[PDB]
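We begin with a single chain expressed as structure tokens, specifically the form solved without the named molecule.
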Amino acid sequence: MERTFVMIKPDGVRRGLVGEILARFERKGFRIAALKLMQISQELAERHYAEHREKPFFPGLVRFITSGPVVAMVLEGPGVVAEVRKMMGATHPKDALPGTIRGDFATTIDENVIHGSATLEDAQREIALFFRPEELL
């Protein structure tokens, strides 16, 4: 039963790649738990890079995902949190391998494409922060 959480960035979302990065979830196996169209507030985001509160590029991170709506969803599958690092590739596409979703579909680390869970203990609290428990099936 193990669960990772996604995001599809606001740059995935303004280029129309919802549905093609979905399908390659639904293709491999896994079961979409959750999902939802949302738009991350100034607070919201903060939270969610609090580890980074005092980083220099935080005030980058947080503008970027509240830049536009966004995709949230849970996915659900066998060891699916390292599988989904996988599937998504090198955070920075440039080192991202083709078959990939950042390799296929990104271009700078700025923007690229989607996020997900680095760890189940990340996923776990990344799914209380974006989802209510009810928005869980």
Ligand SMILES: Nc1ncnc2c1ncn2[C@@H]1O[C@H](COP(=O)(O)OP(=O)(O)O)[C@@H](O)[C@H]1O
The other form holds:
There are 6 protein chains.
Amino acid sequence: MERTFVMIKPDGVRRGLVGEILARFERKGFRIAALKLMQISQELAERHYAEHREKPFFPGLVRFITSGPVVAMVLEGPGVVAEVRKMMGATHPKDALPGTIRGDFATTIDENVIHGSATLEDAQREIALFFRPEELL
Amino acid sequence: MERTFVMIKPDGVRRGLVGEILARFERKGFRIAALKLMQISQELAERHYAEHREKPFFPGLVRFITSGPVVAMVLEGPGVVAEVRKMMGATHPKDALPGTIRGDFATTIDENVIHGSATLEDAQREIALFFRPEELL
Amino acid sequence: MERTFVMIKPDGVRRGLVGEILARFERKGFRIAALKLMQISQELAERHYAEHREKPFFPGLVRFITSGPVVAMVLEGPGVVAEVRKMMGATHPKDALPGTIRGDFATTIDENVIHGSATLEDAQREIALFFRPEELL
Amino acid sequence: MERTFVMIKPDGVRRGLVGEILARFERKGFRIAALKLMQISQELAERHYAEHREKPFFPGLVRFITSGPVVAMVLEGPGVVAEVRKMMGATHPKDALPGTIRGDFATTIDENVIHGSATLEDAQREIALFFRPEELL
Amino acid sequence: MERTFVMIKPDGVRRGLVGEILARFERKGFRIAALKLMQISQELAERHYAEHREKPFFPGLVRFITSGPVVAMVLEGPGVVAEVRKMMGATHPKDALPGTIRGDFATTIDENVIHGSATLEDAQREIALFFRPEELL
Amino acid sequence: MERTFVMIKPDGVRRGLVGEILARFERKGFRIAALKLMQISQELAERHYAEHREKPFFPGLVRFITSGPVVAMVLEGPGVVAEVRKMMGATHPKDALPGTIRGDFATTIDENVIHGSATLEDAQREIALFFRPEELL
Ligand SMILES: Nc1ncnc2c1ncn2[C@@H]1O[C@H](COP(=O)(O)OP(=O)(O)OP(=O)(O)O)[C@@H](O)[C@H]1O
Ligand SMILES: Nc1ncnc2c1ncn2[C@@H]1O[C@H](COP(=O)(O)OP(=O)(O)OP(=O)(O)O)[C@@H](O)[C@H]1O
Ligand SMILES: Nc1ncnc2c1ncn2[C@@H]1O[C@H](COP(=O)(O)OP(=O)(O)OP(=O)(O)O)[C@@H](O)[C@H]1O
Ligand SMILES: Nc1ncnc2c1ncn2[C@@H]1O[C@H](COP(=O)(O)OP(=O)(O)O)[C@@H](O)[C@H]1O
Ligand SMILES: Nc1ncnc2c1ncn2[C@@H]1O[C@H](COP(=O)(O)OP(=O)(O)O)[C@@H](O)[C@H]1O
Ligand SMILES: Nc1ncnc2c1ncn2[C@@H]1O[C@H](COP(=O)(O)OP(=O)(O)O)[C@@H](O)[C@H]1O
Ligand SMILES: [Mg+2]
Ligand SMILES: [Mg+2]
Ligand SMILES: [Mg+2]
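Return the form solved in complex with the named molecule of this protein as a structure block, the form solved without the named molecule having already been given.
Below, the chain from earlier opens the complete complex, with every other chain and molecule after it.
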């Protein structure tokens, strides 16, 4: 029942890591409730990162997240939000532990391969923001 | 430039083979131009099967193809249509060689895990049928 | 010389995770001293979980562990007991770290894919309880 | 329904290929109906080779097949006997195609890592010889 | 005893396929007798291509083979020369079967990821040309 | 720009773990700036472990590191020194976490599969000690 939003960022897609990452989630046992390759519009990127609109890395952040196609998805399963968060590893790749997605695939904070909803509330919000209602199965 | 349509069938999705299959296409070097989880409707299924209509197993097929969500995609690359047919292996798993998708993942023709356009024309037809134009990137 | 008992539970077997899990142990360098697919009898399950006989989840626990075939084994190698315990990860999948067996394959405490002897004493006891003496090589 | 007998030979076991090989059969979709680590006795080995008896390498074979523990198993699935012969590849590794077990893991016919029943009848014969009835699940 | 020369081309190195390719040769059972990252010089490249000289694409080839670092190696094992040609698959990826290196990793003959000695004599010639004697172990 | 020295020890090479380990680094995104199979000379081993020259395990240590060929390399990338150190895991395999190289492949401190420069200074020193200047690309 519980759902979380996940996004394989432009770098992850360009480096051909989509299947590998998705396999980790299926292997874990989560259900794919939604999935799609998509181009983040300038607007979506600004809404999504509104939180950091004042920050100084905001411009470069928006430029990165829209630099290429991303793979958006919604994973379903018991405590999927917290578990997916643990699977991704620390935001700053330098602190992400091995066995973790960022720990195994990312090297810098700027291009950290993936995003996972931080909380239940963030998830509900991100899902409505990235997917159309009928796209959830 | 050349592109093909691929569909991971309901059996492939429920068995959690989506990532593994996508990974093979990515390691091969093909570009993912479109991708999405979707539910095939009765009408849609029947439209896709226009020649296999006056055939027999037609109903039993539609039943399976609509039995659950499928993962649709478009792959791009040199001779990708013929190349993907080769990667999938024979339609009937028993005749598909080890190393191919159906050879390594399927056991019956009923649930042969995946579908790939037979020709460039079939691909164009399938792409227009399963994807909206804006979903192609 | 040191040995530990490991069991891939009914869920792990049903989800086709036996080879993958066994590969992690061979890759680690441990020796397979015993191995067998088996059905846990009502009696064995009760003996094995005697510790939690009074608990409330006992009935459902016994029902799960006997719900289907399991793969029992004995691994041999330096500090194998403690190392195998670390490899499995926390009992409650929610706390199991990525790279860990439960961390990568389990989502709930009820069906946590695998068991590993907790101590040397538990190992000796579990081994005699699950395997016949001549089955150890 | 249909079933076959498979044996990971002593070389396959010592090289730690048990999990990887089992994983291929599991991802393929076959059911594991029996499995066990065992030591083949002199008599047992000779009984298994009844026609190859008046042959030459007979002794050198028995020597190898009894040189260490083997992993015996029974696999179930549609046309599993022929399908497994295809998955193993040619008896002599040099003629086994990449993607098959012997093609990817073996280099000599002497130690060709695995054995699989040649026919349904050979399978029944091998199953009755290597497994007790109660070991079949 | 028998040995062959293998070169992971510039495209294979930049795409980060070195480990995956080496892993296949190791799981196969071949011994690595020599290995090194190197930059092929103009002269060196041309010397390697002595017969393909009066040919056409010669310059376009040298351009690619010297376009970046390559990983050179010598593999040892029974019939390793023919065996490695089989593992690499057809020179042109479109004709290479799934399961082979070029079949699973390449799409164009221009950048077909890897090279392997065609004969024992070519191997000796290539080994003397790319490796100093002391680099053979 | 930053570089670190890594060495797959004799055990790792003998167990055929080179490709697998190298793949983890390419997957991570680091660049291979140098690579070569080599035999550590008595002198090099003594220089490298001069730090522990007084210790009691020194003799056995030198004997191990020179017991067979090793694969030496230099990895390049952002904070590669610290990240590679984290990827390898604790020196004593017993304390190395799963998902970590030693955590997944090593069982004892004596034969712990791999080495990674501890600091920037150690790296510069190890690189000049193991590789010739022209071998860095
Ligand atoms: N006995 C059968 N039982 C169930 N489905 C069958 C049977 N025979 C054929 N099919 C179905 O028929 C279709 C086969 O298509 P066709 O023979 O025209 O070429 P194809 O390359 O296999 O196409 P596809 O990729 O869709 O399988 C598939 O959708 C398959 O599942
Ligand atoms: N030159 C040889 N050296 C060592 N063993 C050999 C040699 N030739 C054949 N063998 C052995 O002979 C047997 C070959 O069996 P056979 O040719 O009847 O069919 P098969 O399908 O290969 O059977 P199997 O699965 O047991 O290998 C194997 O056990 C194999 O190891
Ligand atoms: N159209 C082409 N474009 C670019 N390179 C080509 C083309 N045709 C052939 N080549 C190059 O020609 C060489 C083919 O060698 P050859 O046909 O003699 O046998 P081979 O077994 O393929 O050798 P190799 O392992 O070096 O590819 C390769 O180096 C390949 O990249
Ligand atoms: N130093 C930094 N440079 C660039 N981007 C940063 C930096 N610090 C944080 N960010 C960005 O802000 C966001 C942090 O939010 P959080 O959801 O906790 O992490 P993440 O998005 O990496 O999962 C990410 O989009 C991240 O890239
Ligand atoms: N909340 C719970 N629900 C179901 N089973 C539980 C619960 N808490 C503990 N258990 C069961 O009790 C046992 C705990 O013993 P332990 O050996 O430390 O862990 P595990 O068996 O998971 O390795 C397991 O069989 C586990 O499934
Ligand atoms: N108890 C021990 N037995 C054998 N060798 C040891 C022991 N303790 C330390 N060493 C050796 O000393 C070195 C420790 O240095 P360090 O660079 O921190 O670890 P490592 O080389 O394992 O990465 C290694 O070469 C290690 O094998
Ligand atoms: Mg098809
Ligand atoms: Mg056989
Ligand atoms: Mg070649």
